[PDB]
Amino acid sequence: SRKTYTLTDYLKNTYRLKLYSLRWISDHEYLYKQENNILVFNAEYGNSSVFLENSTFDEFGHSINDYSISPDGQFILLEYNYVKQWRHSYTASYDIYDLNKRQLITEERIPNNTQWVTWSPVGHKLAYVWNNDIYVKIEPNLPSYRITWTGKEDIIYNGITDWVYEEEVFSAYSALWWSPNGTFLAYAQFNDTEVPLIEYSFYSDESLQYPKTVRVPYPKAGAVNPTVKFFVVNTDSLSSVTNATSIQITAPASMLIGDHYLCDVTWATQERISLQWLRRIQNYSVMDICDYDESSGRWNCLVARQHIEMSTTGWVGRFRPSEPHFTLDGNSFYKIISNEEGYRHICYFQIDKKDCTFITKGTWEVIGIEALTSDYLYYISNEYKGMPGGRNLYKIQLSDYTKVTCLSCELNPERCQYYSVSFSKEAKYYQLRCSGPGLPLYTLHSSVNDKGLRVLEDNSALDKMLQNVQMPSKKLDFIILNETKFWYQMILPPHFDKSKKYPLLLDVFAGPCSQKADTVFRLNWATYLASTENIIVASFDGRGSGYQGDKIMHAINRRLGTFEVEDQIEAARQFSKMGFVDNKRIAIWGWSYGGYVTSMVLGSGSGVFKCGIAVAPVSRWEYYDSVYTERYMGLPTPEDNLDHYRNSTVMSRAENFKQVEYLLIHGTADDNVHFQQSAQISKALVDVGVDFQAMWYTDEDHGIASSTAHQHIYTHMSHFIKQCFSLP
Amino acid sequence: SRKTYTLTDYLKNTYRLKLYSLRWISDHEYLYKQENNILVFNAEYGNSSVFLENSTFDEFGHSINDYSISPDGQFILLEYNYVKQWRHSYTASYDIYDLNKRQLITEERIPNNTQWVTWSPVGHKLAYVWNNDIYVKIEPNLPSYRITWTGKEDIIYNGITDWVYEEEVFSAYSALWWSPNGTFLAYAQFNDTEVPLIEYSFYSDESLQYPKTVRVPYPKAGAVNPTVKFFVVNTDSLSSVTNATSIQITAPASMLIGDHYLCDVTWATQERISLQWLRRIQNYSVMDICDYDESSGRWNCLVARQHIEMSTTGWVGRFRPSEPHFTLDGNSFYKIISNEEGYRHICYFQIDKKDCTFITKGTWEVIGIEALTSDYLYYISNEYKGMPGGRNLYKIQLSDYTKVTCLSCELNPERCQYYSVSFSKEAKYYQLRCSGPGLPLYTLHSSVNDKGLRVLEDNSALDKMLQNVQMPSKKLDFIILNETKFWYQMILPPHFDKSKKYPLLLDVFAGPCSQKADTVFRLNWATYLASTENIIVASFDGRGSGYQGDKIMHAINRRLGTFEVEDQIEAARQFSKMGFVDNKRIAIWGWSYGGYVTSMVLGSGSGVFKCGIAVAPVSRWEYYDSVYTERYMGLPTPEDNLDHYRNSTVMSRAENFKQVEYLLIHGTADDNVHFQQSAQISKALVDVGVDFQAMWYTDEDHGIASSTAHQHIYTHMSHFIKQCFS
Ligand SMILES: *[C@@H]1O[C@H](CO)[C@@H](O[C@H]2O[C@H](CO)[C@@H](O[C@@H]3O[C@H](CO)[C@@H](O)[C@H](O)[C@@H]3O)[C@H](O)[C@H]2NC(C)=O)[C@H](O)[C@H]1NC(C)=O
Ligand SMILES: *[C@@H]1O[C@H](CO)[C@@H](O[C@H]2O[C@H](CO)[C@@H](O[C@H]3O[C@H](CO)[C@@H](O)[C@H](O)[C@@H]3O)[C@H](O)[C@H]2NC(C)=O)[C@H](O)[C@H]1NC(C)=O
Ligand SMILES: *[C@H]1O[C@H](CO)[C@@H](O[C@@H]2O[C@H](CO)[C@@H](O[C@@H]3O[C@H](CO)[C@@H](O)[C@H](O)[C@@H]3O)[C@H](O)[C@H]2NC(C)=O)[C@H](O)[C@H]1NC(C)=O
Ligand SMILES: *[C@@H]1O[C@H](CO[C@@H]2O[C@@H](C)[C@@H](O)[C@@H](O)[C@@H]2O)[C@@H](O[C@@H]2O[C@H](CO)[C@@H](O)[C@H](O)[C@H]2NC(C)=O)[C@H](O)[C@H]1NC(C)=O
Ligand SMILES: *[C@@H]1O[C@H](CO[C@@H]2O[C@@H](C)[C@@H](O)[C@@H](O)[C@@H]2O)[C@@H](O[C@@H]2O[C@H](CO)[C@@H](O)[C@H](O)[C@H]2NC(C)=O)[C@H](O)[C@H]1NC(C)=O
Ligand SMILES: *[C@H]1O[C@H](CO[C@@H]2O[C@@H](C)[C@@H](O)[C@@H](O)[C@@H]2O)[C@@H](O[C@@H]2O[C@H](CO)[C@@H](O)[C@H](O)[C@H]2NC(C)=O)[C@H](O)[C@H]1NC(C)=O
Ligand SMILES: *[C@@H]1O[C@H](CO)[C@@H](O[C@@H]2O[C@H](CO)[C@@H](O)[C@H](O)[C@H]2NC(C)=O)[C@H](O)[C@H]1NC(C)=O
Ligand SMILES: *[C@@H]1O[C@H](CO)[C@@H](O[C@@H]2O[C@H](CO)[C@@H](O)[C@H](O)[C@H]2NC(C)=O)[C@H](O)[C@H]1NC(C)=O
Ligand SMILES: *[C@H]1O[C@H](CO)[C@@H](O[C@@H]2O[C@H](CO)[C@@H](O)[C@H](O)[C@H]2NC(C)=O)[C@H](O)[C@H]1NC(C)=O
Ligand SMILES: *[C@H]1O[C@H](CO)[C@@H](O[C@@H]2O[C@H](CO)[C@@H](O)[C@H](O)[C@H]2NC(C)=O)[C@H](O)[C@H]1NC(C)=O
Ligand SMILES: *[C@H]1O[C@H](CO)[C@@H](O[C@H]2O[C@H](CO)[C@@H](O)[C@H](O)[C@H]2NC(C)=O)[C@H](O)[C@H]1NC(C)=O
Ligand SMILES: *[C@@H]1O[C@H](CO)[C@@H](O)[C@H](O)[C@H]1NC(C)=O
Ligand SMILES: *[C@@H]1O[C@H](CO)[C@@H](O)[C@H](O)[C@H]1NC(C)=O
Ligand SMILES: *[C@@H]1O[C@H](CO)[C@@H](O)[C@H](O)[C@H]1NC(C)=O
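So the sequences go chain by chain: B and A.
For the first sequence, the entry's author numbering puts the final residue at 766, and the numbers step up evenly by one.
For the second sequence, the entry's author numbering puts the final residue at 764, and the numbers step up evenly by one.
One chain only, chain B, in its complex shape:
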């Protein structure tokens, strides 16, 4: 008896992981939305109270997609008519509800199709973007103040990023930053005038007679990049001057010498802001620390306060320069950077001193700085057990770096080895989120002694259900190649028997700084394959992978499509040597970068793989965006790295595909890795007469995440894999 974890179970989300989403409104309380009623909790005792009743907005005439209470808790921003755009961006309508009088504001309302809205960090001021222009509202019911007039569709962006800045630089749509108390409003401006447009059809609903053409300013490798400008305006002078001037903070000269980017902006104090810039050739980065000059009204950035951060073996940062964490007085800060041993650690900076002081160990890395107090600095790292795929919360004593404590390592070592954290406004409390290898466990803690106040969610319900199913196991481990260890993970079928030979599916990504082997617990396609189809699903983090030091991460610098690819092939060999793998049924599949690698492997001539599936794959780097691509590949010019750009394409290996069963899949509306990329792969396979399978997904983007589409692609892929392994 006891059934297995079926494809339907996966697709219908029968076994759901319960979460405990919380939102800190103060240093002592947080909000917890219950799909109907949003109540506020007292961290100290856990007692609750309804903050906004379930029916408070019925008869609104619109479904509320999200709420956003202002800092002073006097107003709430109701978000509706949501319409996704790219990964983070989206458009929608907004209404402000006065809580002080249980009244909805019906005057000077925020425009329909607003692109972005943000409360000031204090009070209830509003700053929003509409038609690529920035507007500011001092009072919710009063007329807005326009800040920019240069806004222009697909050409000029004020307060919001263009496409590449959203996805690759800021991993965020917003391009404006309120100062801590809300006096100043800093924002960036992007000019995509000279940037080539990506164009693709969008079919929409059946009812559309003529397909629509989507055109998005998008710089492909080597193409013209958007240009950027930074401004700071004083919102306290809006109601006094009629057209408040936006002060521009330019340079650095070392940056203005050529193409560059604005990669980070964080306020240190009420009158101090830091700006990090990056050269197009991303091996050089510069941080400026500018102070408001009350006399000149301008913003000066002393060169003595300018910090250079470069890299000789690769690019700066994992995906971009590290973010700074200033001490309360804004005179010093903490930033993760790779030490002399190529390992990423926290080092302490003084704004006017160029040499920083490292405060963390060695053979492991700090993942991120989570909180800073007058006493300790809280951060997450993978030091525990020397497991690069594990994650824990530590705290180091600011006065004595030799004093480091792990607040999560021992809470429940068997069930929890991967943690994320969420502190209260002042770090008085913090929620710990354990995500594996056991079922997600959420707990609340007071920072005084790190005492565990209580368990917010332990997924006991789920646990009961899963004991009624032949669930698969997960093995996380390492192999040693060229005297260096490389981690991998396998999702073993129930009742694993090392004596039997199993068909293995190599789940891959292998992009720079990626990590596919961890302690995270997951209920996904692989879960079904192992549980029901008795298939071993493995992942391997080879050269180029991250969180293990630059020696490994920078291994593929300027050489994408090589080691990373070879290591996945070697991994299959290594897994075969373990004796429980069927040499005749080894498959491989990936998505995005995983698709690129899968494809490169499939067309490698290394007869290891029988079949493979590539989803939304990159086929040639000259087709992908500039920021991401050039970071690892440099420029596609003959004086730079053009040769390797051309030698690392998937099309150039078309002939080799005659010896493997291939399945190419791609959404036609993919704005990230354009359908074009697969379009050229199919065409190349056609030119050399190689048969293969294909599937396009109309109007789906890079995520192919529509409910029906999601279920269709996995259902389709299962058939392919089953057939390739002669199952069931």
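Rather than coming from a laboratory, the hints here were simulated on the basis of the structure.
Heads up, the beta-carbon is just placed ideally off N, CA and C, and yes, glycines get one too.
Certain hints may be false.
Said to hold, decoys possible - Sample of chain A residues facing chain B (criterion: CB under 10 Å; computed from the structure):
| hint | residue |
| --- | --- |
| 1 | 184 |
| 2 | 657 |
| 3 | 717 |
| 4 | 723 |
| 5 | 729 |
| 6 | 749 |
| 7 | 751 |
To be verified - Stretch-level coverage of chain B by chain A, calculated; a stretch enters the list once three of its residues show a Cβ under 8 Å from a Cβ in chain A:
| hint | region |
| --- | --- |
| 8 | 56 to 65 |
| 9 | 728 to 738 |
Starting from the structure of chain B, add chain A with the ligands where the hints point.
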């Protein structure tokens, strides 16, 4: 016992059908192009001479893909730098070789990127279109006369057709008609200003960093159509210091009242031109007959002299109203029209008489009028043996309609039941072109006594090769669908045994006035499927088929996606019970309209078909072009036919696809049946949770005819079919 006809044989064109493409230059001679040269032949005796050896341009610096000899014989138009556009259209570079001096003309040459060129009908005058404007050269080496100045890319077309006129009306890129003696240059003008544009991406060569977007004025059902104007310019009058004057021929008022089309242009004499207009609602057309007036310089089209052709059961014409054949004095004419019973026959008209006189009749139809002499009217029909799928040349005595003679029926009955013809200028000689059921046979004859002069090409070489391969056979027969009989054909495997059970594949098209069951000999995919895979490939012509009368053809009027799909299923149903047909293994595939019908059948819930393949199918008529779609469906408005437009989509049948194995294929650069159509089919199947097989072909259009793609798609489809059949 010998090899079979394999997929490679087909894809590689191992067994190639020989042809005899001649071009009549007079009433007595013709040109015969070859690989290394061009010869002139004497029809009377068969003797010939070398006109030029091509080696005349061994050092032209360009690869010529076509030659065009002035009717004069004095000049050769050399077409190179070919660049295909749509079905008939394309651009190209041109050079003119003066045969009198045997030298290339160096001055005033034709502009590169010329969209169209045509010699006048008699001398050596040239009319060409460049950048949407018309130009005329009176002498090959002389400066051109700018006829029009309004041309504008994608907006105004002078002398060439827009996408929809090229494809659905004139079946040609040309929109200019020289008068018989080359005095007048008639031409149409198209305004697409308000016509919506279909847009799609073209990826090009791997080296292209950014995909380019193709946009082309294309009216989908109910959209804003391009408007048209007609003009006539006297080429003997054009000055050089003055802009050429173009007289316009407008109306009819019964046409200007609403949307309409110019569907036919036919000169009657040196000074009389006829024009046929069709209302957007294609069940009413009017023919104007206009004569030039020297004193006023205008062209007058006397009312009363116009003829109305309308239909009450459907649309007018098979695809459009037929072309008129005017007598020598242009005072009368013959033209095919639908008689009272719905059959198409030849009707005799007097330019100023309202009713005409049918000179043919019966339950069969005249396919087309091929030649007219004071003595006879030569035409092709399917009267012989009552086989709608057969074609023979006949001649009817203009003095006594009782005397009709079949000129080809008996030449070789066993080998030939399908002919086409090519008469000399004045119909003194004619070339018969047999295309089935046996190997193609080309013969030359003389009209005086209908003597079989000589055999031009008998495909004897090919016949010797095929005798060494196990070729399949073809059975043409019919079934009775309550009262009426409907024809079908089956490509049968070698050594067919009615005792053995074979898998059947229903090859379908079934569009209005289509014919898939005929006596033509074909070397195609089905040949391989039957020859090598022993698969019976059938085809059926049900309600909607052509060449059998309006009762059959107009049955699907305003009702596409109904009777023709149901009948396709009825047929399959009866084939399955035949005994030598494995009812558990019946497939179905088609292209374009066939794709649509295949998809409609597969989503009908018949349970008759196991699997099916749809290539570049139409999914919903609102996505197809206006001229074709509207002709049968009317307008997609609630006052008209919107309801049926909505009830006849493929997506509406998604849920039914769960019971079958479907393969969807479509070229991404399809300008005809937009990739959009299959994108909407896949999306609807996904939304209903139906798994299917798919395959796109980047940068391939409606023909998916690039050499590699052609091979790939058939290779892909073959695997799919045998997989389904095993
Ligand atoms: C609030 O102040 C803004 C800062 O100057 C002002 O910016 C714009 O000012 C003018 C007006 O649109 C723009 O146009 C200029 O026109 C001259 C004359 O043709 C050109 O020589 C010049 O190159 C430019 O085109 C400016 O481009 C623009 N300046 C900036 C920095 O944005 C706002 O218009 C103003 N708002 C209001 C309502 O007055
Ligand atoms: C091709 O066909 C066009 C109409 O489809 C001709 O044009 C005419 O039609 C437009 C409206 O569609 C009229 O108005 C235009 O101008 C006004 C003001 O600039 C705009 O508000 C409006 O939207 C249109 O853009 C024009 O008045 C009318 N043209 C003329 C000259 O009156 C066009 O002329 C025709 N070309 C040829 C060579 O036939
Ligand atoms: C962002 O970048 C674009 C350039 O990519 C800026 O456009 C450029 O603006 C200048 C204004 O100094 C234009 O110059 C002007 O040209 C006209 C002739 O067209 C001339 O008469 C004027 O004297 C002046 O020289 C320039 O043409 C234009 N270039 C392009 C490519 O459009 C744009 O202004 C910038 N936008 C913002 C808000 O920063
Ligand atoms: C949560 O409940 C407290 C009540 O605290 C009580 O006293 C503690 C010692 C402990 O025994 C708790 O379990 C008891 O419930 C509320 O605190 C009140 O807050 C208001 C201001 O909002 C303050 O003026 C009162 O003095 C507080 N009451 C007490 C007894 O000190 C708190 O507001 C509750 N919050 C929610 C969200 O329900
Ligand atoms: C084709 O042949 C004729 C001549 O053929 C001969 O004469 C016939 C009348 C008949 O008796 C045949 O058996 C003979 O073989 C050519 O006629 C000549 O044409 C040229 C002009 O082209 C003219 O100068 C001559 O006077 C004609 N002579 C005759 C006999 O009429 C004809 O030109 C040949 N055509 C080709 C394409 O070679
Ligand atoms: C049609 O073009 C050809 C080729 O010209 C080249 O391609 C064109 C598309 C355009 O980009 C030109 O600038 C290119 O030079 C013309 O033929 C000549 O070709 C020779 C080289 O073979 C070149 O030196 C000449 O400049 C070209 N043009 C002339 C008139 O000399 C051709 O002439 C063009 N059509 C006509 C009739 O002018
Ligand atoms: C013939 O007509 C054309 C178009 O009307 C004339 O060419 C235009 O002349 C005007 C006035 O000089 C220019 O602004 C245009 O640029 C010209 N070209 C076009 C396409 O409009 C031409 O001059 C006329 N020729 C004569 C002698 O009447
Ligand atoms: C030509 O087609 C038109 C439009 O389809 C026919 O007119 C319509 O006929 C129907 C009767 O079935 C009426 O309900 C409509 O009101 C008529 N008007 C229109 C334009 O919709 C017309 O009868 C046809 N002509 C012929 C000769 O059959
Ligand atoms: C927070 O904003 C500024 C940050 O410096 C605070 O200081 C005032 O800043 C303005 C600049 O526009 C100066 O002109 C004033 O003189 C500053 N005030 C003082 C104390 O000198 C400001 O006080 C803060 N505002 C709020 C609302 O907290
Ligand atoms: C071809 O046709 C044109 C027009 O029909 C002929 O031109 C006419 O010739 C007569 C002389 O018999 C004149 O009276 C007319 O004025 C001409 N009409 C026009 C508009 O040109 C032309 O001569 C014919 N070509 C030949 C050589 O027969
Ligand atoms: C970061 O990498 C770039 C690679 O372009 C280096 O750029 C230049 O300097 C190299 C050696 O100093 C040369 O080998 C490169 O050719 C040159 N770049 C170009 C386009 O010619 C840069 O020095 C590196 N930065 C550091 C400090 O290592
Ligand atoms: C937003 O759009 C709706 C519907 O068109 C309209 O009723 C409403 O007034 C609009 N609100 C604003 C802020 O324009
Ligand atoms: C040794 O090199 C790398 C490690 O440096 C290892 O992954 C690889 O498999 C070995 N051989 C080669 C040439 O890749
Ligand atoms: C007659 O045949 C047609 C098509 O062959 C079919 O649709 C119909 O049901 C049959 N009987 C009647 C009464 O129409």
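Here is what the structure says about each hint:
1. 184: Check failed: Cβ of residue 184/A comes no nearer than 35 Å to chain B, outside 10 Å.
2. 657: holds (9 Å)
3. 717: holds (4 Å)
4. 723: Check passed: Cβ of residue 723/A comes within 8 Å of chain B, closer than 10 Å.
5. 729: Check passed: Cβ of residue 729/A comes within 6 Å of chain B, closer than 10 Å.
6. 749: holds (6 Å)
7. 751: holds (9 Å)
8. 56 to 65: Three-residue rule not met by the region 56 to 65 of chain B, so violated; n is 0.
9. 728 to 738: With 8 residues closer than 8 Å to chain A, the region 728 to 738 of chain B meets the three-residue bar; holds.
Hints 1, 8, counting from the list given before, are not met by this structure.
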